[PDB]
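S.K.: The lines below spell out each chain.
Number of protein chains: 2
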Amino acid sequence: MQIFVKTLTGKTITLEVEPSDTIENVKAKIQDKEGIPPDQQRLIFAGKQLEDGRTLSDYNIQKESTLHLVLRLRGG
Amino acid sequence: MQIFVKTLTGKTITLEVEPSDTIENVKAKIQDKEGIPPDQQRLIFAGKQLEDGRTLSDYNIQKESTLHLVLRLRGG
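Quick mapping for you: the protein sequence lines, in order, are chains A and A'. A prime marks a further copy of an entry chain.
According to the deposited numbering, the residues represented by the first sequence are 1 to 76, in order.
According to the deposited numbering, the residues represented by the second sequence are 1 to 76, in order.
You may find that some hints are simply not true.
Each pair may be met inside one copy or between any two copies, as identical chains are not told apart.
[Stated by the list, open to error] Computed cross-link-like contacts, DSSO-like style, restricted to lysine-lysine with a CA-CA straight-line distance of at most 30 Å: (1) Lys48 x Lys33; (2) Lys48 x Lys63; (3) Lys48 x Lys29; (4) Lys29 x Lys63.
For the record, the hints were derived by calculation from the structure and aren't laboratory data.
Take the sequences, apply the hints, and build the full model.
M.R.: The structure is reproduced here in structure tokens:
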């Protein structure tokens with residue numbers, strides 16, 4: 001299925017995912033598509049910071065849901 | 001698995017480790033990779049000075065955890 005990911009510049013990308021994808025899977029797909037290291041990605045859905053071991057379905061992410069991607073440097 | 005090690009200059013390295021590695025193993029790997037004598041290394045995780053005979057798992061060090069490396073000369 002397709003989901004959308006929205007950045008702070010307004011840009012929106014489409015990703016191919018399954019409900020069983022974990023957040024780490026999604027970050028890996030953003031790496032593949034956009035070249036962003038997973039450690040520089042912060043994903044948000046429904047006002048929650050998304051955790052690497054939980055699935056899209058755990059957060060109620062569905063076909064055509066929109067996540068937010070914020071880039072950060074590693075805190076250290 | 002991979003862990004990160006952060007220095008006081010801000011530099012971060014990646015190391016290949018196992019949960020069963022001891023701290024002495026980790027210092028040996030920093031020697032191999034970066035040429036720092038073990039006696040010049042101080043490792044910190046979770047606000048604890050790490051001791052050469054304990055394992056990564058003993059300190060709750062996990063995949064993608066970040067340790068801190070401080071260089072010191074030998075006290076004597």
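S.K.: State whether the alpha carbon distance between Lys48 and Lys29 is at most 30 Å within one copy, between copies, both, or neither.
M.R.: For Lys48 and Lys29, the Cα distance is within 30 Å only inside one copy (20 Å; across copies 35 Å).
S.K.: Reference check for the pair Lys48 and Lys33, CA-CA at most 30 Å: within, between, both, or neither?
M.R.: within (24 Å within a copy, 38 Å between copies)
S.K.: Go through the copies and call it for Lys29 and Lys63: within, between, both or neither, with a Cα cutoff of 30 Å.
M.R.: both (16 Å within a copy, 19 Å between copies)
S.K.: Within a copy, between copies, both or neither: which one fits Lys48 and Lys63 at a CA-CA cutoff of 30 Å?
M.R.: Both ways: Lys48 and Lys63 sit 18 Å apart in one copy and 23 Å across, limit 30 Å.
When each numbered hint is compared with the structure, no violation occurs for any of them.
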